[PDB]
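A single chain comes next, written as structure tokens; it is the form deposited without adenosine monophosphate (AMP).
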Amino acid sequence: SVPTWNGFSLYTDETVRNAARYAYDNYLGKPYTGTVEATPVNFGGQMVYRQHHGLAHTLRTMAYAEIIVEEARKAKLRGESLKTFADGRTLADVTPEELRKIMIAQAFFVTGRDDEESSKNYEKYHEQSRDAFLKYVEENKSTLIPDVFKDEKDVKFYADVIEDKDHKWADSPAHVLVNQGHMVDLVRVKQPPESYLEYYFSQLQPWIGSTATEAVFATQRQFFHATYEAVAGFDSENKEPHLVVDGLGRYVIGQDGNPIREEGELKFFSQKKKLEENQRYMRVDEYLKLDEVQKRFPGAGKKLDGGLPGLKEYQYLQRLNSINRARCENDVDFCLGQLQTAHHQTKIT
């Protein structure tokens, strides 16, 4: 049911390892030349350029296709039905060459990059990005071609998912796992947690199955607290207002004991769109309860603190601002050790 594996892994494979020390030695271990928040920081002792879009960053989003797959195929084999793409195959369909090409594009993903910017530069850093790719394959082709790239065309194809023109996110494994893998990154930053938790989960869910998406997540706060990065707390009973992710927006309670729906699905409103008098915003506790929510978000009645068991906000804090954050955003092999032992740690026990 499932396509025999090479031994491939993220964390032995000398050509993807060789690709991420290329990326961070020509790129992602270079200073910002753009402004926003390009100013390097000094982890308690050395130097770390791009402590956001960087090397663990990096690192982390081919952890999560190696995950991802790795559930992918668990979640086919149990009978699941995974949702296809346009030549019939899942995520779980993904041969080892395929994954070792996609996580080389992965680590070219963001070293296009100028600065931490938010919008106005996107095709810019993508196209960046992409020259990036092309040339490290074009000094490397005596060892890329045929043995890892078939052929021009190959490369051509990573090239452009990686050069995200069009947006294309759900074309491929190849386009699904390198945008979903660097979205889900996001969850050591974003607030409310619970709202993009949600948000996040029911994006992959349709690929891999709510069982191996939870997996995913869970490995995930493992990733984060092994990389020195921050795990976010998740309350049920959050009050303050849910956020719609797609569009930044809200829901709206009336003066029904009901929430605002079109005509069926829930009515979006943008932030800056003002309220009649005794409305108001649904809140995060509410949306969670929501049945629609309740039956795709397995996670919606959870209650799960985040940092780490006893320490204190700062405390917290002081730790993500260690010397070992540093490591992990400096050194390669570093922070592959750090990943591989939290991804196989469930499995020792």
Contents of the next structure:
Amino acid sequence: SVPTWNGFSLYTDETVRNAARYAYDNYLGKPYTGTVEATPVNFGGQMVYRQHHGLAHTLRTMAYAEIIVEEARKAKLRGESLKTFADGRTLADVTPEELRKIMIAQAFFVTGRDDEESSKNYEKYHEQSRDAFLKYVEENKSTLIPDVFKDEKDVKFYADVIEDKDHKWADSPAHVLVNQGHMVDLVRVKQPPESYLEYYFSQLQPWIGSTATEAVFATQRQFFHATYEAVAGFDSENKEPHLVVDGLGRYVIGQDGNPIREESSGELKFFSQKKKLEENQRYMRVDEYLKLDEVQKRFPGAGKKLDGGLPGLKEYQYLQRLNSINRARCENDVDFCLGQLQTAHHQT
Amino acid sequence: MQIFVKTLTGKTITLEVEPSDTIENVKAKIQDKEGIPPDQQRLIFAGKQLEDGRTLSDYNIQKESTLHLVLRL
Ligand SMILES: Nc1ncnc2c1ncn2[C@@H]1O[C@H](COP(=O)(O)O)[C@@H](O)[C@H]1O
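Next block, the form solved in complex with adenosine monophosphate (AMP), ref. the form deposited without adenosine monophosphate (AMP):
Okay, now the whole complex, with that chain kicking things off.
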């Protein structure tokens, strides 16, 4: 039941491009009004007001939604079984028209932010993002309705995804693409990179399968390089403590060289970072976690080493690239950033 | 006392330090070995960002401790 494609592409479809321009012009390129990391930065002569959740971040999430659907479609054509929603659809059933509407919603998903304040203003920023999207649709209803959004009912659905009132991140193909697209962009900052990558992998994999998921994260590395953003390393022999991403916790090796498990082998018991350990215990290391065969079963990270940054560049030199005027153009120029992503996409 | 400083790019910097050392001192050491300006260094331990003026023992940073070096822009 895979639909035929009609040449739809993030890098050529003008509706999607115009949504991003509007979002940048009215929201993403404006100074933060809040207090949390609201102060802008100068990159090689140009100001960038929102370096964490700006234009480049937003365009990359749209770029992720596209490759995720592409890789899902290929997975289902290979005969793979993908996770289903309550109506029986999979990500591989997403139509061109649907993906366009999803991407438009994505372009507004962080327009409502007044700063990088976390958690505390969740509802306010999400509601403000919804409002931005609704204002955009209204001002452009003559071209958007009914050709892009069928009716006002279709609009509200995507409005609701943006607002995210009940955090149903897995409720529909739109919910998964928007929320996981937003989420995985954090691969550009999260440490330790192995723990975070294994976690994100586990969130995306059931929807599109392992092969597709590997391809998504491999392409992401190109997307980061192309938009002058940090490319993480991956070291299966990382000896630092493993971070349990869900809850920001730890696992513990006992006095005996055994992971502590709940009565069953049972689940590894979650350990708060704060809580103290009986003597002779120690946190589980990243390398230990990756060679757990329950982890190896679901994640091909063991025995894998990936070089971060840019090969041949000393770390400080890689900094200068990240700090460049090119990064600034990505954050302030829709056409340029989309151009960078399009080249990355082809490179495959 | 040796601590380990890790970057997103997968680099690990092994530093020979002692609890008395302040965070500037550590940043200077990082610049000595890797040529990264202290200006652009953000050190994190236990999810907490380390402040220049204070020392390692102030944050209960001990031997074989792992720190994150986040790059400041
Ligand atoms: N396990 C997950 N599945 C789907 N989306 C997620 C998951 N974890 C986080 N997200 C998304 O990422 C957002 C958090 O982004 P941030 O504000 O950068 O922490 C959440 O509100 C969700 O939209």
